[PDB]
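Take a look at this single chain in structure tokens; it is the form solved without this ligand.
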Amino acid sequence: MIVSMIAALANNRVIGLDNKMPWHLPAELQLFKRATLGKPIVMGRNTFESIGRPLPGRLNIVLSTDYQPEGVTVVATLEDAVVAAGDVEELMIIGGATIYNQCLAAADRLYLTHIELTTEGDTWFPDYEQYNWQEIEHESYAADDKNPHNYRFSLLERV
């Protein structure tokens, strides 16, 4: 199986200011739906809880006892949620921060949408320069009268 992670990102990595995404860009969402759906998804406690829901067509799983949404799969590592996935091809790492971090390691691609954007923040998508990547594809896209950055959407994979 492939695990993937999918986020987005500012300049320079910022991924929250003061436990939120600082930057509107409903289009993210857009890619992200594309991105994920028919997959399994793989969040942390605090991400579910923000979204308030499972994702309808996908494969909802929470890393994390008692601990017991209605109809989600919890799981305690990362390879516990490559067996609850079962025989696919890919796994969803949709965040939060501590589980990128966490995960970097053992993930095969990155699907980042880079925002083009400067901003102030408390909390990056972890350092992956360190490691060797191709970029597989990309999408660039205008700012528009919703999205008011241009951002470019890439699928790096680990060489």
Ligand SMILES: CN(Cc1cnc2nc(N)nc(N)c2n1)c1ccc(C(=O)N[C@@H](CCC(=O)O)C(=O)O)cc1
Given for the second form:
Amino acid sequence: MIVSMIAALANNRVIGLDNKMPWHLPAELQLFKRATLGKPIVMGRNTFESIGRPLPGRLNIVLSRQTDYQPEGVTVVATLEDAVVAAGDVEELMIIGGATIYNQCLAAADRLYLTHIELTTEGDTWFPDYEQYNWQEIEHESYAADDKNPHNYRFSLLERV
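Could you switch over to the form solved in complex with this ligand, since the one displayed so far is the form solved without this ligand?
For this one, just the chain is written down, with no partner chains and no other molecules.
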């Protein structure tokens, strides 16, 4: 099983503000969907609340230590190890956030699916400093701003070296 993390970063690795993402960029969610459909997705409790529903076409695994926390349509696990057990023998597990989960799983990640957005915005959550490790890019895509998406963004799939 490949352990992958997927995130969208504005400048200075900002990923979140006030439990939402501080930009309007609907097409980027389509990128997220293409990259995660058919795979188990593992997330922290705040990220689940931010999404607001189980996502279709994916096994939704949510981390919480709250013993009575049990949203419909997701599997709640109390440890990372248990998340990995729920994911089963699949090709690739996708960690979809948020900061605390990214922090705990970075050292173990085989791939990062990063979208970089050309935007300086204030944050209260940041992606980890992945650049402390070595990576090679194995896929990439560029997306210039258009009438529905006001910022340039690009995709980079990194593999740990």
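Numbering follows the first chain given and starts at 1. Each form is matched to the other, and the largest set of C-alpha atoms that superpose within 1.5 Å is called the rigid core.
Rigid-core-referenced C-alpha movement of 2 Å or more between these two forms, selected from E139, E135, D18, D144: Among the listed residues, the outlier is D18.
Please determine whether the C-alpha atom of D122 is displaced by 2 Å or more between these two forms following superposition on the rigid core. Comparing the forms between these two forms, which are aligned on their rigid core, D122 does shift its C-alpha by 2 Å or more.
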